[PDB]
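This document opens with one chain alone, in structure tokens, the form described as "T-state" in its entry title.
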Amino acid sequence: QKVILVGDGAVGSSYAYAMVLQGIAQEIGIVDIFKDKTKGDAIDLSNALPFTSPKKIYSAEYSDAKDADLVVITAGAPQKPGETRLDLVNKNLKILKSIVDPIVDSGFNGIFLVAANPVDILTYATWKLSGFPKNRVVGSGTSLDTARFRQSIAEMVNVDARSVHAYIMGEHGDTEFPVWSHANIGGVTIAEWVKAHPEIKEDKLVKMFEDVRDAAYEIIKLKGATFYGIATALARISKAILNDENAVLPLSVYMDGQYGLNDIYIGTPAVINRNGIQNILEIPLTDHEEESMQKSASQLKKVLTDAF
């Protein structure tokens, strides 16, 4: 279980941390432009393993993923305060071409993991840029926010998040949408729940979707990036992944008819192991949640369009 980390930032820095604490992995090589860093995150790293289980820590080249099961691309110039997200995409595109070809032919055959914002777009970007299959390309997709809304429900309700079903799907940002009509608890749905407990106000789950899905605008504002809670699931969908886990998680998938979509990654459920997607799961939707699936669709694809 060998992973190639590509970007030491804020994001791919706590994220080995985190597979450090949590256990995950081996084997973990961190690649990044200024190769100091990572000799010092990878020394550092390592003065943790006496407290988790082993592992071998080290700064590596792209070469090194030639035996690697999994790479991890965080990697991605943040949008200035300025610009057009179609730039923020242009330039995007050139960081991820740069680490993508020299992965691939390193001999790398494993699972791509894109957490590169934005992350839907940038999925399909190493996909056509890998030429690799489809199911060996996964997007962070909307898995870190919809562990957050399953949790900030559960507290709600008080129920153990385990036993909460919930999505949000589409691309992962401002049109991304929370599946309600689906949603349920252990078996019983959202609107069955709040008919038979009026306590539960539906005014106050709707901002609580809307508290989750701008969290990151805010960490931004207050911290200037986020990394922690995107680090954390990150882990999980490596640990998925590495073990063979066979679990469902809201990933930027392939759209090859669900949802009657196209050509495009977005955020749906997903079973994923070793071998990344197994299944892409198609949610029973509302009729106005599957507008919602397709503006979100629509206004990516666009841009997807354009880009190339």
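Think of the rigid core as the biggest set of C-alphas that the two forms share within 1.5 Å after superposition. Residue numbers count along the first chain shown, from 1. Compared with the form described as "R-state" in its entry title:
Of the residues checked (216, 159, 194, 95), the rigid-core alignment between these two forms shows a Cα shift of at least 2 Å for 159 alone. Once the rigid core is overlaid between these two forms, residue 86 does not reach a Cα shift of 2 Å, moving by less than that.
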Contents of the next structure:
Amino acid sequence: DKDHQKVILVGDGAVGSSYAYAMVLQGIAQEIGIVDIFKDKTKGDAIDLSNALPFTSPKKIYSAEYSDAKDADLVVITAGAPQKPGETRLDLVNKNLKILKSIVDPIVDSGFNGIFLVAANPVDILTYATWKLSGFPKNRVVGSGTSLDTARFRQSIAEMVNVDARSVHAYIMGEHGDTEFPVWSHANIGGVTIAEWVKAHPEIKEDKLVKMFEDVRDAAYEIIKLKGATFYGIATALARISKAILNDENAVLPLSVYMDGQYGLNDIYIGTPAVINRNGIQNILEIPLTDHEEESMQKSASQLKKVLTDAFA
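Same protein, different state: after the form described as "T-state" in its entry title, show the form described as "R-state" in its entry title.
Lone chain follows.
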């Protein structure tokens, strides 16, 4: 037997670069092949990342090619073409598809038959596109979806209540983006519902809470305006998902998973808490949503479905 976990990373941007670094520091997988149009960056990054190895568990890190995905456990897609100013949502999707096909087809042709973890934006759309171009089962194609939005939502609630975010449990669902929403109904701190927390701590105005989600929804714009880009959050979420898969944990995580009736949706990948392990998506959690929240999910899905429909035609 050979216990050697190999990860292929497509896209060596700040997100990919950081993701890899997060993998190094936590000792996840024993090999990372970095694939990117800019061969020099990848080469210089593989060296810089390996410089760090003697302080953690060993790995083989190198500039790779799509064929190196032959025997990979995982393929992480991270650098979608950014939306130019004045470009339509549908055109952003279409320019990425041509690029996506150019990545998926040759990886699939290498023989690769592991799990696709998509982080490229628009993530939900490109997840479904990856599933469609790869042909892989619905549960072997995962998108980061609302994992970071959810983390940001939890850290925010944690700061307000001064509690370890790992004792805070709340989700952000729907399509990653403007049309996402908070699942306040099932949000809790140590099992104590937010509602219950508020009705015991009246100092928490319903305004602060409403603004709190608004801020998570716009978190990326704020950070980009400040430091020019965002990457630590998504890189950390990506390593978390990788760990859950590679360590076969059956952990519940907000991810973009194929819809088959849940929430009253069908044939689209959208953000929802799900059980993931070595074989990809197992159980797709379906939180009994509030009428208002179900509407928010419906609206989010619908908008995404229309774009998706127009996209493939």
